[PDB]
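First comes one chain, alone, set out as structure tokens in the form solved without this ligand.
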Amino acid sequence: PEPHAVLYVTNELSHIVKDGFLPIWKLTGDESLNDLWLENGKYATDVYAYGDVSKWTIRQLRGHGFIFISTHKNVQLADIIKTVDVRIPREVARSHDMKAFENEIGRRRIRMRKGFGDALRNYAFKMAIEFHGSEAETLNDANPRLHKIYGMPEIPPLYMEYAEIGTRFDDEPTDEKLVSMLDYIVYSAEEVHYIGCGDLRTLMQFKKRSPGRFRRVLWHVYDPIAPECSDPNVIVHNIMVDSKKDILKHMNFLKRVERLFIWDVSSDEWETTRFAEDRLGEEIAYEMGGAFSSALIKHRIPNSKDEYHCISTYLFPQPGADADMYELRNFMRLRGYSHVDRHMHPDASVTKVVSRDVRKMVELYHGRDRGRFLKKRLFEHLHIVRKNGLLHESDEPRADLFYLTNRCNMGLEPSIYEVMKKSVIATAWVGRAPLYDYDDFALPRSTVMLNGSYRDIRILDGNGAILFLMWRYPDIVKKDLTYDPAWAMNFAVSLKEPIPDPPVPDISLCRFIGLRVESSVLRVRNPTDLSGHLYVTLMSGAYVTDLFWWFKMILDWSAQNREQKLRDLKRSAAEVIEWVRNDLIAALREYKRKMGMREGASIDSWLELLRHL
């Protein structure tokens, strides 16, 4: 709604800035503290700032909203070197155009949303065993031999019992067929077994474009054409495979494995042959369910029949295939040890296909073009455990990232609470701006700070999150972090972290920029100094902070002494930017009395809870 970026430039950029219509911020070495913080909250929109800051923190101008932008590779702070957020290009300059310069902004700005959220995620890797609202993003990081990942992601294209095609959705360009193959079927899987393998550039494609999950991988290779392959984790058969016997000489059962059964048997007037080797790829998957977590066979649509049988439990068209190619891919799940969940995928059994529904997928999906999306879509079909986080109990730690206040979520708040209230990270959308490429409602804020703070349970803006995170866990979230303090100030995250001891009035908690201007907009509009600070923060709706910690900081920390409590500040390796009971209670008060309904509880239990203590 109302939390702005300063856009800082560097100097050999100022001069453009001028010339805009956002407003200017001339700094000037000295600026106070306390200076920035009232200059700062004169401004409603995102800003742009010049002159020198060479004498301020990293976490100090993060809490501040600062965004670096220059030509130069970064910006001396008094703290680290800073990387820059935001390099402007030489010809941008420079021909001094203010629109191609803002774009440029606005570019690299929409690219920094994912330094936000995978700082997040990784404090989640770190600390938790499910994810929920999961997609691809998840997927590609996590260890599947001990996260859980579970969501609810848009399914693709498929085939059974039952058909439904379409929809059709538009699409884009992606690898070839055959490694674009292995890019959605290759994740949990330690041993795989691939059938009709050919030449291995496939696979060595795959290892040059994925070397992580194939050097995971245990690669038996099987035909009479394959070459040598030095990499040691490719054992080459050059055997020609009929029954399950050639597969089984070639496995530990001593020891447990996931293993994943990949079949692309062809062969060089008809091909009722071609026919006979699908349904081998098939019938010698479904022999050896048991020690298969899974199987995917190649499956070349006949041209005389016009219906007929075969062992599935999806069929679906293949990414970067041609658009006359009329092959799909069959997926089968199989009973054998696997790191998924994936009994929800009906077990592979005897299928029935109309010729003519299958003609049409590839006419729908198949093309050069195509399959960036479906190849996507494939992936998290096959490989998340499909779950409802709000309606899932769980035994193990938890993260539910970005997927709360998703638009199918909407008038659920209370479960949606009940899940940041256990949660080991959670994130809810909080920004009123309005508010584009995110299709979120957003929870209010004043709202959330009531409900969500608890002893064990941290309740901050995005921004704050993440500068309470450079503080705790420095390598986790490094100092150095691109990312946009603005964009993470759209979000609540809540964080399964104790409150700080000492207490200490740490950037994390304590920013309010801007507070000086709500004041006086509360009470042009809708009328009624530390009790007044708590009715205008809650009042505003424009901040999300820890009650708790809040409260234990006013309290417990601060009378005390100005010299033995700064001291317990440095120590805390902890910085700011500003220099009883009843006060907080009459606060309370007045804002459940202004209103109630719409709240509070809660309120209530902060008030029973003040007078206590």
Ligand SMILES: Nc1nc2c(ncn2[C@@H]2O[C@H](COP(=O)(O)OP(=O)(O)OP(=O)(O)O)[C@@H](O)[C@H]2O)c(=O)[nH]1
Contents of the next structure:
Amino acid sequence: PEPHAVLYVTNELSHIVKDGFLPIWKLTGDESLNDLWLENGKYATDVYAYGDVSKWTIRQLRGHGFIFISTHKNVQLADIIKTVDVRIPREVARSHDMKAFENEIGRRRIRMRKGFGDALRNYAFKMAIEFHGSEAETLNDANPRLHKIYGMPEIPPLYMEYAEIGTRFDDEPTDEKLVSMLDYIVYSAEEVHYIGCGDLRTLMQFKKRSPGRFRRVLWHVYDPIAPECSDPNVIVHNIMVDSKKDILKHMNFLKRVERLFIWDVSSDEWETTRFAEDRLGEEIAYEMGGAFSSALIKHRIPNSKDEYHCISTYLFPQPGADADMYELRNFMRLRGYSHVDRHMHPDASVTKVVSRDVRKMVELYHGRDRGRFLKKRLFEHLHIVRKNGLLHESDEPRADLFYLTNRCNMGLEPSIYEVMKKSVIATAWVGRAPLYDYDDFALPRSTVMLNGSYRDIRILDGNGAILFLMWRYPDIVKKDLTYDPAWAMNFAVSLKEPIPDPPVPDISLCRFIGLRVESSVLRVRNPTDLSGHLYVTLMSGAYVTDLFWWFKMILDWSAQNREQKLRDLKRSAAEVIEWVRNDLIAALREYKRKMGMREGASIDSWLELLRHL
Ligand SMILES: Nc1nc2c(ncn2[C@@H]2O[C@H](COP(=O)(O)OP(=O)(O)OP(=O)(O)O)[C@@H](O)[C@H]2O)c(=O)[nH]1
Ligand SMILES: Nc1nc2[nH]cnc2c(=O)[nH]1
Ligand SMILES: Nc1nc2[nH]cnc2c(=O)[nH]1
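Same protein, different condition: the form solved without this ligand was shown, now please give the form deposited with this ligand bound.
Full assembly next; the chain just shown is listed first.
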């Protein structure tokens, strides 16, 4: 909408900037603190800044919108010694193209999105059980034996009942057929019975690529040719498999587990044998549905048969697979213990398949330069419960990140606010700019501010949001984390967290950049100082902060005293950037006078809390 970043560059970089078309903020290591706040408030776009800033802490500098561009790895601040956000490569300085440099900032800035979202997610894992609007990324960092991960991910190409296919989507190369296999099917299994594992290259490559979850799984792997593997989570069997009894002697029943059965059995003048292998893997797993949560059975399509049967839940194509590779993978969901409730995926049952259509799947989706997104989709479809955030009622604490304000949801704001009333942490796109690579809609900021602040709920903007976890949780959100304040500021974030006692005016709360510019605009376009101050911040819709906590510091706190209030700052380990009950009631009224029905309740909710408090 308006928020910007200060694109702070270090000395060696300065001269190039000066050729740009963006503003240039020049320091000057003095500067007092209220000097920064009034200057920084002049810039409606992003800006460049250079010159000495050794006086200020990081939290301060992030409050302002600072992103650090330098050629060297870090810059000396007052707080700590920060890792430069954007490292300019030598040969890309240097050179002194103002464009190359600008495009270089952009790219990195786009990479920084993940750090912001990680920080939030990373808190949310510490503080919640349910997760909604989830996706591969959320799955990746989850404990699947603790967290419960939901959403409505975009369903892959599938065969059953059914079929429906295509339609076709753009796609890219991935890991080889058989490492890409493990990649999507290993998420919540604790014990894998891999049948026909071969030379074990497939498994070793999985180990070298995906080391965590390889280590966290027990592998009984089965093959006459299977080589010795020292690996202690890898129990090897030189047996050849023709029945369930071959696998049963290698299972603990006195102890619960999620088991996954994987069948990849091929021999060495028709091949109606390829067939009865595929079918035997099915037949074995089916006898053992009860022990296994699921199966992933090899599925080679016959030429000889025009239509045939099998026991299946799903039949899908294989990422990383060759274009001429005429082999699908069969998924059987079974009953057996699981950490993921998979009951939405039908019980494995007899399926009549039409070759020609199975034959089509391969044609459309296979390719040794295709599969990256297919693998993803398979991963989510298999392992995320298909539940709709807004409609889901939860007995356990719930996280609601980066989905709420998707276009899919438009017109359903009520259901949204409802979520942010009782979510551990959720987020709302509030950005009003052009605004690319993202397809959410914005919630008016006032309405967010006004709707979202409950006793237990701390309504902040992304950047404030972050600053707050730094301040109260130093090791969930490090000080040194790299992120993009301007982007953080495109979100409203809400956290089930108490108001600080004593409610000190820490940066996470009080920043209000360019408020003076913001106020004069109000007045040249739609006209009508702690009163005018509260009004402005609402009318502008250019800031999300936490009404409740804010109120409580204004009255219950300032004053208090020059002396006895800093003191409670010190102490609070808090910091700031800017150095009566009736003004505010007037403020609200005025605001609601200009907008009945675009709001307000609520409003009359906050008002009846002033003349009462
Ligand atoms: N399976 C299958 N293959 C087909 C079909 N139509 C053409 N083919 C070709 O026939 C070959 C598959 O039959 P086979 O000779 O038994 O080979 P395979 O068991 O699939 O495996 P490879 O030895 O790696 O080719 C491949 O080259 C396919 O491209 C079809 O409808 N189904
Ligand atoms: N900043 C940001 N981080 C993310 N991490 C995962 N998704 C997102 C997103 O949409 N934005
Ligand atoms: N199979 C698979 N696909 C993904 N897509 C994004 N992350 C992953 C992952 O860990 N496994």
